[PDB]
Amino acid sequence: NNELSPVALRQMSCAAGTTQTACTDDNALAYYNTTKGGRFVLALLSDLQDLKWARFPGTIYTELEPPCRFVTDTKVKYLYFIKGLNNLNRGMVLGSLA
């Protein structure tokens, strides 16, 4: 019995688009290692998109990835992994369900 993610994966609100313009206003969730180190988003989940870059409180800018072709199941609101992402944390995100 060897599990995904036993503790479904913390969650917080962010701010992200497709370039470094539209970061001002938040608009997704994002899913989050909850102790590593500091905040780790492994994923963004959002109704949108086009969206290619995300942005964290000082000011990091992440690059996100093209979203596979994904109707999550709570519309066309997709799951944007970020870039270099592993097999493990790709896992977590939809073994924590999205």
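Positions refer to the first chain, counted from 1. Each form is matched to the other, and the largest set of C-alpha atoms that superpose within 1.5 Å is called the rigid core. First, how it differs from the form deposited in another entry.
Of the residues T24, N87, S13, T19, exactly one exceeds or equals a 2 Å C-alpha shift between these two forms once the rigid core is aligned, and that residue is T24.
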Contents of the next structure:
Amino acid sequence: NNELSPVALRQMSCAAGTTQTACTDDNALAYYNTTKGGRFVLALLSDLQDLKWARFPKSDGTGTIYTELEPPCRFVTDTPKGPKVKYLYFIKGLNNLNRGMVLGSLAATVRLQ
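So that was the form deposited in one PDB entry. Now I'd like the form deposited in another entry, please.
A single chain, with no partners or molecules, comes next.
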């Protein structure tokens, strides 16, 4: 009995864009757990495929952190009125265990077909 991590996750709403500039507000949903010293954004769910960066609001004076993103992967959820297609991006430099956590939690929450 060697199970995947039981840790549950929490949601945040944030935004991002194709490049360092051009970032537009409220166009992505981040997943995190705060049990660390603070919030750690583990992955990003969105509807567009051209995203390549992320501007997450930093908990510091006049602080804006630009975290990079990985290539997308396309998932088909069906929680809302009907089928929906959303793409997932993992924060670049994320070990496999946290990826497993995010994928497991998301796949349990939404049937994913």
